[PDB]
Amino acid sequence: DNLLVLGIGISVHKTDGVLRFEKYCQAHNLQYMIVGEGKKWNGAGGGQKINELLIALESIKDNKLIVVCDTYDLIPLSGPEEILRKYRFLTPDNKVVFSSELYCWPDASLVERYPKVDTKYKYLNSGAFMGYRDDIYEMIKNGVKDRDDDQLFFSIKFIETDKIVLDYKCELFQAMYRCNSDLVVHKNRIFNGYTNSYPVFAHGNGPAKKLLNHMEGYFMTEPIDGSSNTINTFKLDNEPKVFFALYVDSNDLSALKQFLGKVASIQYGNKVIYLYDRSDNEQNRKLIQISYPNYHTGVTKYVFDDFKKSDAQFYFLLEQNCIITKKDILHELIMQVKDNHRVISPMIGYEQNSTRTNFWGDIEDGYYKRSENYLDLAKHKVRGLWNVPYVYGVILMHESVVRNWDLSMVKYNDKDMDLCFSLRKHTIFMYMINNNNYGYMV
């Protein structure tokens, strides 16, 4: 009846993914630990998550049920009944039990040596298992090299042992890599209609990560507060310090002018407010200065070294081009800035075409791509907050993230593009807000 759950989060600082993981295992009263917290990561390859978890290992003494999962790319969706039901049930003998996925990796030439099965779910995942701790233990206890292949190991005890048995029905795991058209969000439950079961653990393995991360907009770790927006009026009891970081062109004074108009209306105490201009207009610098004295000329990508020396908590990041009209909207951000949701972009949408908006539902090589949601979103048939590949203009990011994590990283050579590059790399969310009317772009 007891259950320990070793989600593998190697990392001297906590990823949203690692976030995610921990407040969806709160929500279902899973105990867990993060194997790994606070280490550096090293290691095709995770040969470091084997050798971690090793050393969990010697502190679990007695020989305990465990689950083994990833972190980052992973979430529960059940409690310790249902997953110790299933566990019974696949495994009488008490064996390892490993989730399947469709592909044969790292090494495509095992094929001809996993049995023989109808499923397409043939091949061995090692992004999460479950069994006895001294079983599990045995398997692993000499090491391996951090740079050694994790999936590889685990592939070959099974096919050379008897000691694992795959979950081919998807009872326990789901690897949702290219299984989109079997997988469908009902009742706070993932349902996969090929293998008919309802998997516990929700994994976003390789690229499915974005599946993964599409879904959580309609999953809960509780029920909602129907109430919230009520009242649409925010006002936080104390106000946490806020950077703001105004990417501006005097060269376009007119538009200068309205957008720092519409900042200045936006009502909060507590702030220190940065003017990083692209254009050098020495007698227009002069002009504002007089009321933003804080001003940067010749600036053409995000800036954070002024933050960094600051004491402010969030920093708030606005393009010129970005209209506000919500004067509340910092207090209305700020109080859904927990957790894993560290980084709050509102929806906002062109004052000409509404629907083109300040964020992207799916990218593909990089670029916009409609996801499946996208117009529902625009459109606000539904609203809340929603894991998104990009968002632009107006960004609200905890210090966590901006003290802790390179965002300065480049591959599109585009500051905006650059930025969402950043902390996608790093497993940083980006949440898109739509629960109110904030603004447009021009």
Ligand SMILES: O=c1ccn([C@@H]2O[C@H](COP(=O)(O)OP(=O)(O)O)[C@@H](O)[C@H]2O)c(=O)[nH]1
Given for the second form:
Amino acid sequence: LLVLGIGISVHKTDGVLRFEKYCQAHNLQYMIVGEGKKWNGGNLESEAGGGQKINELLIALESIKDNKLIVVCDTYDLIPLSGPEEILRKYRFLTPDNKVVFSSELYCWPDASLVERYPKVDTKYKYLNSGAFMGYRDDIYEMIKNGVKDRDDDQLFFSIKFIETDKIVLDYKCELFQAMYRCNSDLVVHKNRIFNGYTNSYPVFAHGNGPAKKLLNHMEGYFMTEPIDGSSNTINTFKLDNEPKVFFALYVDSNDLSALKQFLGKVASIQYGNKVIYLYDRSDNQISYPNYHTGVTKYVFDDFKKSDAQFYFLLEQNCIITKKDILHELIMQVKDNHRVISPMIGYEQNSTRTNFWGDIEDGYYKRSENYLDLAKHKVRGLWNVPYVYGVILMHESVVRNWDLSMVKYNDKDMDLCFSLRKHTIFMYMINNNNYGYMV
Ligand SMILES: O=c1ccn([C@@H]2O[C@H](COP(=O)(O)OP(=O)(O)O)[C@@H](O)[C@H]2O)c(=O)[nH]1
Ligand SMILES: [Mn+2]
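Output the form solved in complex with the named molecule next; the form solved without the named molecule has already been displayed.
Everything in the complex follows now, all chains and molecules, and the chain you saw is the first one.
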């Protein structure tokens, strides 16, 4: 068995890094198709496309000469939750005649007229989703061998193949694949898996297709790729052996002189040797802070890019850090798909108002099911969330390679988070300790 995940990008997203980590945890051999190449498959958000996925898959298949079983899948919004033995057993059971199995889903798209051409079935999971499929290398090769246009629609291509041929079967019972979109009430997390209570199955591949990225990101916080080490926090005093260089980017407003002094005093007490400090002041109105810049109304990345710093540590004036070893603690969490980390702090006079959002609806705050549990530390860890504010540690691989300056909301903190979401760079809130408060 080989898993061919489509990851066409010059630099890796957190989606692909997460997919790789889940593949490794489940002993799945995999190739990232299209790694290092520029995406030309279209703006999938506002328009369909994805033909380039087919063309890159075809090139990859030229390296795989034997007729082996292959899974072909999305990577940005998809993870495996089990290993090759379960996959092979399910495949054999689903298709004794070794057909290509595609994911099912709730909706018939992009061509509504196909509704009446699909086989009639006694399930809501009626239609093809082209985001995950499995079959023999030669069968898949035969379907795609003439290539397509980069901007052709791969969803439509495979829908037509299903309807018109006998080469494809759909995974109606969600055994191998789960298209999660609008199936929230079917699904629970149990024993490190998704359980679909509608189908009575444990789907191997969890696909947060469309807006269900939010749901998969949510469930991620409850899954494991390795056991918790319960002793990681037993001493809450963290010290790095060798300190990477951290660029402190302080967003200040000297108009509020007393708030500024108090903030700078706390920042000066963060224990870290290898650093450079820049002050970015909103006011137009300094001996202790040579790198001082005035009239700044946006987040600034160019000074960091020109530096040799390994991390960018964004701190806003209204966030008061009290945990002196916090930078050591945060850096220890930066690995794999965990590259943007924000410690959870609450407002001093009502700690349920924090510096993250658990959910988002049309770009605005929505209360997630576990929001209050995180804010009150009923459960702790790292959580993939749509917005973080005020204290953000970002690895250089993010800041040096991605446009963090995209504009939607005309608000610096909201637009930074929009930028990251758009690039499939994840924001992780961490609430393992008491870090501070907001004013
Ligand atoms: O720059 C890009 C954009 C997308 N994709 C791949 O195309 C898939 C389809 O996009 P998406 O999952 O967002 O589509 P959806 O499942 O929401 O229709 C992604 O998961 C990736 O595997 C890629 O490789 N590079
Ligand atoms: Mn997808």
